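Only one chain comes next, encoded as structure tokens, the form deposited in one PDB entry.
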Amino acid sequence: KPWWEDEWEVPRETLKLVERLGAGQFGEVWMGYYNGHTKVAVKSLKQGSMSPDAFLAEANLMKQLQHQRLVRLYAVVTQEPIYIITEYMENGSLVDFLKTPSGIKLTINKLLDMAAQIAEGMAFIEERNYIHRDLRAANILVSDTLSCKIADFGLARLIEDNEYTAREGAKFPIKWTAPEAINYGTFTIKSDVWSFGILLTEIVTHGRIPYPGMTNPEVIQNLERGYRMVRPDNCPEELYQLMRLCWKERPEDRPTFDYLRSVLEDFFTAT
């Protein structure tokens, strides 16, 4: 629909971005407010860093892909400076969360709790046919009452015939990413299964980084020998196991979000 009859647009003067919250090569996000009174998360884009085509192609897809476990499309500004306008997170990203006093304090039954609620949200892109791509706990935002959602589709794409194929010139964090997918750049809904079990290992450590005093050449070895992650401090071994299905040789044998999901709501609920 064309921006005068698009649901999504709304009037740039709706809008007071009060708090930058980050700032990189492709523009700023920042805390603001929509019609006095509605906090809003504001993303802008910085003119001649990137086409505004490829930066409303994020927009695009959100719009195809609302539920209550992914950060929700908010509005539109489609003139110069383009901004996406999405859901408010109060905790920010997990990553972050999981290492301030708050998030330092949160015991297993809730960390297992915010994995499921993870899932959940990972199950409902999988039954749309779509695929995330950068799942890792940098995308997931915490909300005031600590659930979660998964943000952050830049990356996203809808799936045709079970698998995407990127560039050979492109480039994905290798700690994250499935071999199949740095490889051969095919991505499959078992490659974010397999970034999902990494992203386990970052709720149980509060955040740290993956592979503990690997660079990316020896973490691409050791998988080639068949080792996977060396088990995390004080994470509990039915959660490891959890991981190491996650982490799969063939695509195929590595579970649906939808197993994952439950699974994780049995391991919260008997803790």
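In this text, rigid core is short for the largest set of C-alphas that superpose within 1.5 Å between two forms. Residue numbers count along the first chain shown, from 1. What changes on going to the form deposited in another entry:
- Core-based superposition between the two forms shows that, of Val230, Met50, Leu245, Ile209, only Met50 has its Cα displaced by 2 Å or more.
- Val263 is not among the residues whose C-alpha shifts by 2 Å or more between the two forms once the rigid core is aligned; its shift stays under 2 Å.
- The Cα shift for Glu19 between the two forms, taken after rigid core superposition, is 2 angstroms or larger.
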Second form
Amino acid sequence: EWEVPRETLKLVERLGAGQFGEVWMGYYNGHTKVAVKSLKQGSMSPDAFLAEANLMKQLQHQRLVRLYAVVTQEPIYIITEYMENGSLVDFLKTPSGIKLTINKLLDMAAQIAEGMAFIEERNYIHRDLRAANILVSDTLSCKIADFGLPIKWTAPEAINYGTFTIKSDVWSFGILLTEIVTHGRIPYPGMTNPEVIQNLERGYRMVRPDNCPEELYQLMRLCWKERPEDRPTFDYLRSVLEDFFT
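Having seen the form deposited in one PDB entry, could you now give me the structure of the form deposited in another entry?
No partner chains or extra molecules come along with it, only the chain itself.
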């Protein structure tokens, strides 16, 4: 029920390009704006490319970018809804994003946690949670997404032994929180990857960002407990963020 004739689409602007294909902004039947991921032929099997689509059919939730359609005849396409304000990391840097209050910022962080909770509920693992993979709707709501290919957001265990789990994602969420309260600042200000790698094996943790509440900073630290099983659940994180301001 997801297949649609290629004729229903018009690609307007290419958002990005890479090894396995391209991303375009377009329109479906001239009335709906959409983002389109097209596979560059003979770059990876149609099967492997469509696995992304099958995963999106599975994970439908208010806090996750939703799949709209698919075109299964080469050039193979994956069509989704389009978010006017783009990614969270970019938006926060605009005047519109800088003018946002700490209240609004925690509401957005709550929404992200809510979506991750969903992801947790479904035994899924994001592997790349960061503000760049967060889309901002036209109403400033937040949806979880993943565009593709950087150590700053990865938990130590994942970095060292490649152990990516939902706990690996919680840690990334902690990093993401720093992005949200500095309005787009890169984490570990001033440090190169090698430096963040070094500091970590020493138990170093990001210093509290300016204008970051003390309670919010401790929530981040919980997300950064060395032992993965010591990190909170996204459900607990959502709950705490929504009630942050009673």
